[PDB]
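> Chain by chain, the residues run as shown.
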Amino acid sequence: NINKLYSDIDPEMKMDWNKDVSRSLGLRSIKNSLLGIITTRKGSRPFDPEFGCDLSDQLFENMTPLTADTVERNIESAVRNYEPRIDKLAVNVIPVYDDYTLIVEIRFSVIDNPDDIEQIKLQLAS
Amino acid sequence: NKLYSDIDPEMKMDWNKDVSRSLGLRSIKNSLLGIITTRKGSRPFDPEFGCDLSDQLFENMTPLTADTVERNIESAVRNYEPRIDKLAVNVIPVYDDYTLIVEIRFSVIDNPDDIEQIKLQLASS
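Chains A and B supply the protein sequences, listed in that same order.
Residue numbers 3 to 128, in PDB author numbering, belong to the letters of the first sequence in order.
Residue numbers 5 to 129, in PDB author numbering, belong to the letters of the second sequence in order.
Isolated chain A, as found in the complex:
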């Protein structure tokens, strides 16, 4: 019926088959959370008018060498406010003037594994 498993004595032979699954699920949910934070217009969500980022169309139509830094601070504060699972955080915005776009490069670490640097890279328009 069943071949019995000798688990009466089992110290260092302990296995955890959920480590990589729960860690990689955590990372996936964090990246999707980041995308939702960045792509939601701040003030558009009535249950939380503070949620999201301020990325108006004038910010893309009138691009200056300060746009990158202001968008960097905006995104950084939004992520600190709405994704507490991120430990180390660094946002770099590249203004692509010829097509009026912004490259958002987010390098971060997860609270559980603050050593590994994960990264996402998006391109925003209007």
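Treat the hints with care, since some could be wrong.
[Stated by the list, open to error] Derived Cβ-Cβ restraints for the label pairs, each shown as a range:
hint : chain 1 : residue 1 : chain 2 : residue 2 : range
1    : A       : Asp18     : B       : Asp118    : 25 to 31 Å
2    : A       : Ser26     : B       : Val98     : 37 to 43 Å
3    : A       : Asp89     : B       : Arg82     : 23 to 29 Å
[Stated by the list, open to error] Covered, in the sense of this in silico footprint (three residues per stretch, anywhere, with C-beta under 8 Å from a C-beta of chain B), are these stretches of chain A:
hint : region
4    : 27 to 40
5    : 49 to 61
6    : 82 to 89
Quick caveat, the hints were computed from the structure, so don't treat them as lab data.
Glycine included, each C-beta is placed from N, C-alpha and C at the ideal position.
Keeping the supplied structure of chain A fixed, place chain B upon it in accordance with the hints.
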């Protein structure tokens, strides 16, 4: 005047933990809304992200739609919000509007006793 209660480990208090828990709950509810209102397959970096809530789903609404949507939402939440412990999704159809009442009761991993909830209306595009 001496308030040395923090000296004993049993009498140790941190009055900022409830604040951090509140901020975490707000971020969880916002993540939930993101998951519920994103069409599954529409996100290129993760085609598994979101829910199956289509114009066909809202237009061809039957008394089985509720259970279908409850299961779909439960699966999306289990797959994309691991901070949620206990989870119950109750969907009530509004046929004359082609809309859905979605109630989500859940607990947070850090303290699984307290039951939180959101309640939202969903419609087609």
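> Work down the list of hints and note, for each, if the structure agrees.
The hints, checked one at a time:
1. A:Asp18 with B:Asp118: 25 to 31 Å: holds (28 Å)
2. A:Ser26 with B:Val98: 37 to 43 Å: holds (38 Å)
3. A:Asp89 with B:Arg82: 23 to 29 Å: For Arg82 of chain B against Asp89 of chain A, whose Cβ atoms are near 25 Å apart, the range 23 to 29 Å holds.
4. 27 to 40: holds (count 10)
5. 49 to 61: holds (count 3)
6. 82 to 89: Holds: 4 residues of the region 82 to 89 of chain A have a Cβ under 8 Å from chain B.
The structure is consistent with each of the numbered hints, conforming to all of them.
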